[PDB]
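Asks: Read off the chains here:
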Amino acid sequence: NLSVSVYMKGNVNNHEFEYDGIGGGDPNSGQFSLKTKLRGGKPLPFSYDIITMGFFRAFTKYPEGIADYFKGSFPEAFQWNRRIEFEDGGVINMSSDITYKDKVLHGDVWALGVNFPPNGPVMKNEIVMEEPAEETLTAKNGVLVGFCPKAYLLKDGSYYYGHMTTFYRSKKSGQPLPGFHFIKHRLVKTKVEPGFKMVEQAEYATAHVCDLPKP
Amino acid sequence: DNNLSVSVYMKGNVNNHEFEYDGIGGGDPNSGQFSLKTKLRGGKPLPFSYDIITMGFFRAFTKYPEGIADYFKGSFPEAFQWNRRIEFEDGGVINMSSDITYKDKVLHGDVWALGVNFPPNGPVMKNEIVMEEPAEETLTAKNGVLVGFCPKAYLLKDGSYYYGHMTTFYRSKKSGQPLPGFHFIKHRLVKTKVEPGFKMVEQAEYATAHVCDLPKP
Amino acid sequence: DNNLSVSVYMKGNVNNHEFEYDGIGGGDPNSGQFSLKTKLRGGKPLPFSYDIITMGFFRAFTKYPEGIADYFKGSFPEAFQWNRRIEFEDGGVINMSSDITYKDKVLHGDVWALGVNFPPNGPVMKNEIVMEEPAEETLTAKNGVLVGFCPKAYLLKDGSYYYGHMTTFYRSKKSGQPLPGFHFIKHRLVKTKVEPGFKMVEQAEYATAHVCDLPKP
Amino acid sequence: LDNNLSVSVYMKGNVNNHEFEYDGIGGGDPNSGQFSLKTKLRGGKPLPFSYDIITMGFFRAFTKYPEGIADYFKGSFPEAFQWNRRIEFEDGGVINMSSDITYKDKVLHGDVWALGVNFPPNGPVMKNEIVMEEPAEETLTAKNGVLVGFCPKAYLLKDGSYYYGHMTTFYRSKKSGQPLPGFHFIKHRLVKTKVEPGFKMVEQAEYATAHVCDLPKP
Numbered sequence: 007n008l009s010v011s012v013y014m015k016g017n018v019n020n021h022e023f024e025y026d027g028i029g030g031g032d033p034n035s036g037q038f039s040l041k042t043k044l045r046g047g048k049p050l051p052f053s054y055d056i057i058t059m060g061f065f066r067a068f069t070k071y072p073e074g075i076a077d078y079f080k081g082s083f084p085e086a087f088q089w090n091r092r093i094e095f096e097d098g099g100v101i102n103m104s105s106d107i108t109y110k111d112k113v114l115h116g117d118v119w120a121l122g123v124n125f126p127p128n129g130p131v132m133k134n135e136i137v138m139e140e141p142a143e144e145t146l147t148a149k150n151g152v153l154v155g156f157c158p159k160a161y162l163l164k165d166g167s168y169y170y171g172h173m174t175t176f177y178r179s180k181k182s183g184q185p186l187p188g189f190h191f192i193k194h195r196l197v198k199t200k201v202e203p204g205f206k207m208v209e210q211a212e213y214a215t216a217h218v219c220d221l222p223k224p
Numbered sequence: 005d006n007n008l009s010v011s012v013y014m015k016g017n018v019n020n021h022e023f024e025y026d027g028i029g030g031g032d033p034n035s036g037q038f039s040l041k042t043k044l045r046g047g048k049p050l051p052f053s054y055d056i057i058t059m060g061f065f066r067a068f069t070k071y072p073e074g075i076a077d078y079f080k081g082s083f084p085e086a087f088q089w090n091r092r093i094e095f096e097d098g099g100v101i102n103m104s105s106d107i108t109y110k111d112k113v114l115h116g117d118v119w120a121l122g123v124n125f126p127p128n129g130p131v132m133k134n135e136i137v138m139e140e141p142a143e144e145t146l147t148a149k150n151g152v153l154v155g156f157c158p159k160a161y162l163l164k165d166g167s168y169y170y171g172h173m174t175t176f177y178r179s180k181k182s183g184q185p186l187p188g189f190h191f192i193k194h195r196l197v198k199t200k201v202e203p204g205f206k207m208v209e210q211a212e213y214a215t216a217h218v219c220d221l222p223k224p
Numbered sequence: 005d006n007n008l009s010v011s012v013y014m015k016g017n018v019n020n021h022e023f024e025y026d027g028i029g030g031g032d033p034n035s036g037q038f039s040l041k042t043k044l045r046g047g048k049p050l051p052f053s054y055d056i057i058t059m060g061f065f066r067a068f069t070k071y072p073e074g075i076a077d078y079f080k081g082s083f084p085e086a087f088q089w090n091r092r093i094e095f096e097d098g099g100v101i102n103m104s105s106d107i108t109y110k111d112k113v114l115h116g117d118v119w120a121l122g123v124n125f126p127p128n129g130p131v132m133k134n135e136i137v138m139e140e141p142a143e144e145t146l147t148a149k150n151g152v153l154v155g156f157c158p159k160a161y162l163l164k165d166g167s168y169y170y171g172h173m174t175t176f177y178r179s180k181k182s183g184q185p186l187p188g189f190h191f192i193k194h195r196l197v198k199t200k201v202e203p204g205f206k207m208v209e210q211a212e213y214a215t216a217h218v219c220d221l222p223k224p
Numbered sequence: 004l005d006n007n008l009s010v011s012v013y014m015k016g017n018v019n020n021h022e023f024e025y026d027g028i029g030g031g032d033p034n035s036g037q038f039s040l041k042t043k044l045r046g047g048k049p050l051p052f053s054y055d056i057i058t059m060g061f065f066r067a068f069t070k071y072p073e074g075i076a077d078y079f080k081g082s083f084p085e086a087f088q089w090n091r092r093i094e095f096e097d098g099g100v101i102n103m104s105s106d107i108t109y110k111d112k113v114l115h116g117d118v119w120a121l122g123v124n125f126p127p128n129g130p131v132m133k134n135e136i137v138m139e140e141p142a143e144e145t146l147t148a149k150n151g152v153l154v155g156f157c158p159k160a161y162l163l164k165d166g167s168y169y170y171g172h173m174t175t176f177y178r179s180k181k182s183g184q185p186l187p188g189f190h191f192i193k194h195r196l197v198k199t200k201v202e203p204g205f206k207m208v209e210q211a212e213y214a215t216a217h218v219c220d221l222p223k224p
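Residue numbers (the authors' numbering), protein chains in the order written: chain F, 7 to 61, 65 to 224; chain E, 5 to 61, 65 to 224; chain G, 5 to 61, 65 to 224; chain H, 4 to 61, 65 to 224.
Looking at chain F on its own, in the form it has when it is part of the complex:
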């Protein structure tokens, strides 16, 4: 078991907010859950679904055949920096500095969302959930880069999409980068209080290579 805490300070379309989160799970299982709580006295004035991934690739089931960059980074752990570029021009950048101290994995997270159409599903809180996703990961320019199409189910039954790019960088000196692989993800908000003042979310994630035969 690995205890997790997280703090996010964010600004999305000039709306400032902060969350604290607590949770954890078995990092080897690739399954963990967090409860986040909004600081302050304002409901969150946009879709929380665009910040769910701000709230630890240490929680990924890695099979023996794939180098686990994230667990390999410990005790120094990693950072990441990330953008999700959405179909309507909105972009959220997020960054996290993850530390493992006092037997807790902590994420110190920034989120900065810009250029969301005021009438778009993000600012109008029209996202129901994000679909499961496949992240494609490759070493490049000395960091690990993941690309992940994101599909968000909207209240009207349609989809809103984004492309996520993440740079993951170990803080362990000279840690080898892993080989090309994928991570399959399912993130679900299992509990949501009005205005996203409290959210419980779970992420399941498993690393894998291609199942398909050769040629």
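To be clear, the hints were calculated from the coordinates, so they are not data collected in a lab. Careful: at least some of the hints might be erroneous.
[Claimed, not checked] Each computed BS3-like pair below joins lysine-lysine, with the alpha-carbon atoms no more than 27 Å apart: (1) E/223 <-> F/206; (2) E/164 <-> H/133; (3) F/15 <-> H/206; (4) F/43 <-> E/223; (5) E/206 <-> G/43; (6) G/43 <-> E/48; (7) G/181 <-> G/70; (8) G/41 <-> H/15; (9) H/149 <-> G/133; (10) F/133 <-> G/181; (11) F/48 <-> H/181; (12) G/206 <-> G/80; (13) G/43 <-> H/198; (14) H/133 <-> F/180.
We have chain F; now place chains E, G and H onto it with these hints.
Replies: Just chains E, G and H now, kept in the frame of chain F:
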């Protein structure tokens, strides 16, 4: 049938380099495995990486499990088109479109490729791509068409990677055909034989549709 | 010369709709003003907004002041190519490329247009654009070509705007021609006549190169 | 709307996981569209990336507007505006910035966030290879009650080559009911007039003038 013949014609223009390919092959559309041999028209070598047009050379060839509706096989006898962009890390973009028809006993693809803004010293124009990695395509209905998103990772001759984001619109020519539910297609495309200058290429693609096999809370 | 005739042929495919235009016109390349008339081949209307292909239909027609190197006129008699993308706000992307030649007294563009991923309910496929606004193109030499970046604003019937980002690579076919310094081109393109279905269009472009007139340098 | 407006600015930023904070002081003439700022990096460590990508973080109130173009920014006063912004660079780096601008006493204050991500570690930003940004033309158009500006950015590198980005900014007045302006452009020239090692201190000036198209019509 478990046996489907394929023909393809591609005309293309990448950074103002015009080219044409003819392709012939086939495979098992139900198994999601097929191969094609392509032949470059004219006497000259391809002046850019063929790897960026491999996907121009048939989603009919996808293993679909019974849990997921097969839009592509469902489109037949009218078949489909698709239109597509790959946006590369260095600003190069290749657009491709195909009109797929089924006639006599052959699935034909009539393909356009138009690649622009590739850095002249970039891996595409300098022909520095070795191969493309397997890929996961995420597919969803969007504004009445099926849209696939697929990160593309290209291994370079220097051992590094070059990436692109692919977006494809798939549209059945069978009017009113329902779109499938959200799903994924896993792909592995390999150039199994390459003649110098990409004057001839043999390529195979394996593709299987799947949903998420992760448990749910 | 103060009068230069133009001929253009465009073959295009936008969301799998194929079309061809022929255009003729001309103007004063030194004044940066010219107009052409395009005519759609065949009897069917254009199934999308012609406004996204207007720029397919000659940077030779740019007023260049003495202190800015004129890459386009400088390329003559060999002339230039260009390759171009417009990435629109809703994910539609049109690529275009042109090979420009000069065979005496006429300056001739052979153009490809390939537009993909336009939402079927978007302003392009629904023909909702009424005009494009004037534009500023920022140009810099990059990796041996001239690169222009130009925000595009399209006015819609409903009074709102539809946006795109245009990137163009311009490459002289005159061997060893130096690239110009950083500069801008201001543009105004207007469709002065439009027949139903865009079967015929008259369009004019005014273009003038400039540097920054603000103080400091 | 007087010919001298003092400005203060605070920016907190995080670019490729490098955190920093700047305080800035200056001002200028909002009507001539010219002002300058002195920024000071908090702490003793140098800025680990090119300051040039955050220059625009450090007030569209300072724009020369001719009579025929509505001045959304000065029109927002005393409530002022916000803005939120991205610059998408050629190599995939993206910096988002946002500012809340307030007018209290004389001073115009900007409270700025900067969050830069996905900059290639050996790219010109992280390797501090940018010399300057070129002058720019910003195309502005109202959409959805927001003024959107698009601005190609060209950064000159130490080797004489260019590094480019596309800037998109949303500007939103905090004056309720304020009309949006018509389509127009703003020409900009931003110069770092002074730079101390590690970008510990920078003086920068911006000149900006709104204009429409002066080309003939058919």
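Asks: Against this structure, judge whether each hint is valid.
Replies: Cross-check of the supplied hints:
1. E/223 <-> F/206: With a Cα-Cα distance of about 23 Å, the restraint between residue 223 of chain E and residue 206 of chain F holds, given a limit of 27 Å.
2. E/164 <-> H/133: With Cα atoms ~25 Å apart, residue 164 of chain E and residue 133 of chain H stay inside 27 Å; holds.
3. F/15 <-> H/206: holds (25 Å)
4. F/43 <-> E/223: Roughly 23 Å separates the two Cα atoms, so the pair holds.
5. E/206 <-> G/43: violated (37 Å)
6. G/43 <-> E/48: violated (34 Å)
7. G/181 <-> G/70: holds (20 Å)
8. G/41 <-> H/15: Cα-Cα ~54 Å, so violated.
9. H/149 <-> G/133: The given pair, whose Cα atoms are some 20 Å apart, holds under the 27 Å limit.
10. F/133 <-> G/181: violated (54 Å)
11. F/48 <-> H/181: holds (21 Å)
12. G/206 <-> G/80: violated (31 Å)
13. G/43 <-> H/198: With a Cα-Cα distance of about 51 Å, the restraint between residue 43 of chain G and residue 198 of chain H is violated, given a limit of 27 Å.
14. H/133 <-> F/180: Distance ~19 Å between residue 133 of chain H and residue 180 of chain F Cα, so the pair holds.
Going through the hint list in order, the structure does not satisfy hints 5, 6, 8, 10, 12, 13.
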